[PDB]
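Student: For reference, the chains in residue letters:
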Amino acid sequence: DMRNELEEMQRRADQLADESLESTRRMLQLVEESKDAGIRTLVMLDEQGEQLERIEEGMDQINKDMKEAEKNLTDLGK
Amino acid sequence: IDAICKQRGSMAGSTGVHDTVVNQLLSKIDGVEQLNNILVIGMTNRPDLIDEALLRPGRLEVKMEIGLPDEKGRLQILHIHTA
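Heads up: the sequence lines are chains G and B, in that order. The numbers in the entry's author numbering rise by one with no breaks, and the one at position 52 of the first sequence is 57. The numbers in the entry's author numbering rise by one with no breaks, and the one at position 3 of the second sequence is 332.
Careful: at least some of the hints might be erroneous.
[Claimed, not checked] Below, simulated SDA-like cross-link-like pairs (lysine to any residue); rule was C-alpha separation at most 25 Å, straight line:
hint : chain 1 : residue 1 : chain 2 : residue 2
1    : B       : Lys335    : B       : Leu384
2    : B       : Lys357    : B       : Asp377
3    : B       : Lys392    : B       : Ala382
4    : B       : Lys335    : B       : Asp348
5    : B       : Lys335    : G       : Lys76
6    : G       : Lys76     : G       : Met64
7    : B       : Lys335    : G       : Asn9
8    : B       : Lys335    : B       : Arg403
9    : B       : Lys335    : G       : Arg30
10   : G       : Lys83     : G       : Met64
11   : B       : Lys401    : B       : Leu384
12   : B       : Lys335    : G       : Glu10
13   : B       : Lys392    : B       : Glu381
14   : B       : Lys335    : G       : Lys40
15   : B       : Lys357    : G       : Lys83
16   : G       : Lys40     : G       : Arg30
17   : B       : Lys357    : B       : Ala332
18   : B       : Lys335    : B       : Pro398
19   : B       : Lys357    : B       : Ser339
20   : B       : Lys335    : G       : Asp6
Bear in mind the hints are in silico, worked out from the structure with no lab data behind them.
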């Protein structure tokens with residue numbers, strides 16, 4: 006009558022982490038810095054676009070003025 | 330089949346293991362839920378050690394004995410095995 010039976014106990018392997026808290030924090034800090042740099046680039050790019058738009062009008066005005074002056078001088082000369 | 334199903338409450342119960350197996354088998358063959366599409370076949374050399382509740386009508390109820398053959402049976406077997 007040496008017929009034995011058993012029961013079982015369970016253990017849980019550690020969840021997936023303990024490497025997600027050293028590279029993670031550095032990743033977040035770098036992401037924040039990149040976000041700030043992107044915001045600054047946004048602002049600078051908008052300012053540059055405004056300045057180019059401003060330049061356009063003066064360019065067109067000088068072109069028109071020179072063309073009209075040349076035509077007038079030619080007309081009077083002949 | 331005599332190695333699993335034996336008279337309940339006679340042996341040491343295999344440490345309470347054999348009785349549970351016999352009860353489970355009895356419950357599954359014929360119970361509250363009805364089956365009509367099964368056929369169970371058992372074979373043994375010690376027919377006297379089997380539980381009496383498993384050999385009743387509604388359970389394994391067709392009992393047959395295979396014994397030594399006579400002259401005609403021996404002739405038939407010899408014809409079978411030298412064809």
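Student: If a hint holds in the structure, say so; if it doesn't, say that too.
Tutor: Going down the list of hints, with the structure as the test:
1. Restraint check for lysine 335 (chain B) and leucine 384 (chain B): the C-alpha separation of about 12 Å stays at or below 25 Å, so the hint holds.
2. For a cut-off of 25 Å, the pair hint linking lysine 357 (chain B) to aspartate 377 (chain B) stands: about 23 Å separates their Cα positions.
3. Annotation: proposed proximity of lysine 392 (chain B) to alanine 382 (chain B) holds, straight-line Cα distance about 14 Å (limit 25 Å).
4. The straight-line distance between the Cα atoms of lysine 335 (chain B) and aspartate 348 (chain B) is roughly 8 Å, inside the 25 Å bound, and the hint therefore holds.
5. Taking the CA atoms of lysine 335 (chain B) and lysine 76 (chain G), the gap is about 125 Å. The hint is violated against a cut of 25 Å.
6. The suggested pairing of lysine 76 (chain G) with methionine 64 (chain G) holds, with an alpha-carbon distance near 19 Å, which does not exceed 25 Å.
7. Restraint check: the Cα-Cα separation between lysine 335 (chain B) and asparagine 9 (chain G) comes to about 20 Å, which is no more than 25 Å; the hinted pair holds.
8. A distance of roughly 35 Å separates the Cα atoms of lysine 335 (chain B) and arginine 403 (chain B); the hinted pair therefore is violated under the 25 Å criterion.
9. Only pairs whose Cα atoms come within 25 Å are accepted, and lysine 335 (chain B) paired with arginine 30 (chain G) is rejected, the gap being roughly 68 Å.
10. Proximity of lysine 83 (chain G) to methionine 64 (chain G) is assessed by CA-CA distance (about 29 Å); at most 25 Å being required, the pair is judged violated.
11. The hinted pair formed by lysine 401 (chain B) and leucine 384 (chain B) fails the criterion: a straight-line CA distance of about 32 Å is larger than 25 Å.
12. For the given pair, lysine 335 (chain B) sits about 20 Å from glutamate 10 (chain G) by alpha-carbon distance, which is consistent with the 25 Å threshold.
13. At most 25 Å may separate the alpha-carbon atoms for a hinted pair to count; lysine 392 (chain B) and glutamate 381 (chain B) meet this at roughly 13 Å.
14. A threshold of 25 Å between alpha carbons decides the hint, and for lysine 335 (chain B) with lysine 40 (chain G) the separation of about 78 Å lies outside it, so the pair is violated.
15. Annotation: proposed proximity of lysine 357 (chain B) to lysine 83 (chain G) is violated, straight-line Cα distance about 123 Å (limit 25 Å).
16. With a C-alpha separation of about 15 Å, the suggested pairing of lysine 40 (chain G) with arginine 30 (chain G) holds against the 25 Å cut-off.
17. A hinted pair counts as satisfied when its Cα atoms are at most 25 Å apart, and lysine 357 (chain B) with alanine 332 (chain B) qualifies at roughly 19 Å.
18. Note on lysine 335 (chain B) and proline 398 (chain B): the hinted pairing is violated, with a Cα-Cα distance of about 30 Å set against a maximum of 25 Å.
19. Using a Cα cut-off of 25 Å, the hinted pair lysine 357 (chain B) and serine 339 (chain B) holds, with the two alpha carbons roughly 22 Å apart.
20. Using a Cα cut-off of 25 Å, the hinted pair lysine 335 (chain B) and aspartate 6 (chain G) holds, with the two alpha carbons roughly 16 Å apart.
The earlier numbered hints that this structure contradicts are 5, 8, 9, 10, 11, 14, 15 and 18.
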